[PDB]
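Before any questions on how it binds or moves, here is one chain, the form deposited in one PDB entry, in structure tokens.
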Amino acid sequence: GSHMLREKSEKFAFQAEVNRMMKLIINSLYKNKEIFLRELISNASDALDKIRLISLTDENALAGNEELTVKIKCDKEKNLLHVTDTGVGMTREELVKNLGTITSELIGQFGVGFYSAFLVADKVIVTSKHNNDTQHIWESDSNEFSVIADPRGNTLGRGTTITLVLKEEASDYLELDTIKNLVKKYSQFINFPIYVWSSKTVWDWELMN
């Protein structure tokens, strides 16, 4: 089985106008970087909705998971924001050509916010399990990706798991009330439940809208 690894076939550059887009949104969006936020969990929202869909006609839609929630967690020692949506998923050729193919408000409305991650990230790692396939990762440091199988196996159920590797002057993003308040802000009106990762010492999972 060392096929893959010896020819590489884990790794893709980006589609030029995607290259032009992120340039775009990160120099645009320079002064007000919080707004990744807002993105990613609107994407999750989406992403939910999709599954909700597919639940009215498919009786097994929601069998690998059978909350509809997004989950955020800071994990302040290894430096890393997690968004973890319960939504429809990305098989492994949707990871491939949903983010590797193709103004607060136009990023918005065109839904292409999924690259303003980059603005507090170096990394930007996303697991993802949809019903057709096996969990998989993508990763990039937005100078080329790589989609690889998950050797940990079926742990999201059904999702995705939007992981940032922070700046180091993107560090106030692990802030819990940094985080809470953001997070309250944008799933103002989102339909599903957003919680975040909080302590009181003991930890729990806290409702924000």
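Positions refer to the first chain, counted from 1. C-alpha atoms forming the largest set that superposes within 1.5 Å between two forms make up the rigid core. What changes on going to the form deposited in another entry:
- Just one residue from the list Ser28, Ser171, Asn181, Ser55 crosses the 2 Å line for C-alpha shift between these two forms on a rigid core fit, and it is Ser28.
- Taking 2 Å as the criterion, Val124 does not count as shifted between these two forms: its C-alpha moves by less than this amount when the rigid core is aligned.
- In a rigid-core overlay of the protein, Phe14 has its C-alpha displaced by at least 2 Å between these two forms.
- A movement of the C-alpha atom of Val112 reaching 2 angstroms or beyond is seen between these two forms when the two forms are aligned on their rigid core.
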Given for the second form:
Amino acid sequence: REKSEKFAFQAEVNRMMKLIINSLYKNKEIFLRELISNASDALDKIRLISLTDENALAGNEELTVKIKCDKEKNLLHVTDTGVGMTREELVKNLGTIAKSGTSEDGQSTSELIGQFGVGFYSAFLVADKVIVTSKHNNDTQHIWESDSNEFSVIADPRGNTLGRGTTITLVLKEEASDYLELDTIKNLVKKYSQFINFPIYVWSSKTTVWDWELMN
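Hand over the structure of the form deposited in another entry; the form deposited in one PDB entry is what we had up.
Only one chain is given; partner chains and other molecules are left out.
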């Protein structure tokens, strides 16, 4: 009975605070860095499952990140066609968020915090809720909402919208509405995506008509 994980948990927690406060000094932009990173990792994951499964690309064939802004509603959407998440994985989340109403193995909370805690809690720099909608092969499509502390989860009323992958929805604060100005978000996505092997798109406009625009 080792019981030395509450040391690695502490280390990962401390790395996490270092970076989130680091970002809060300057950019505030680390949430977007992590949003693109974790999307790419989930694209990296299912491309890597397509080399022992052949049916793996049967809910989608594209391997994309698609970012859409809802200026009016004040939402930020980052959709990918990666591996997705089963209801099981969504309730484990990053080991730290418990179901709504309770305040009373597997992969350890330590290593989840290491890869996911930074992107999760940094969202709350600019957002008030983060909503996760995701579809894995061999489970249905669910939605997951958290306030930083607790979560609830349901099956998606719209059935299977994504085919495969995840949509991260950031209910933004009004203070941070500037992040949905098409021009500030394009340059951000251009900047943080230049070393992604996958095509990353922002929903944009010409002259006036809207379509996806490749940023890398």
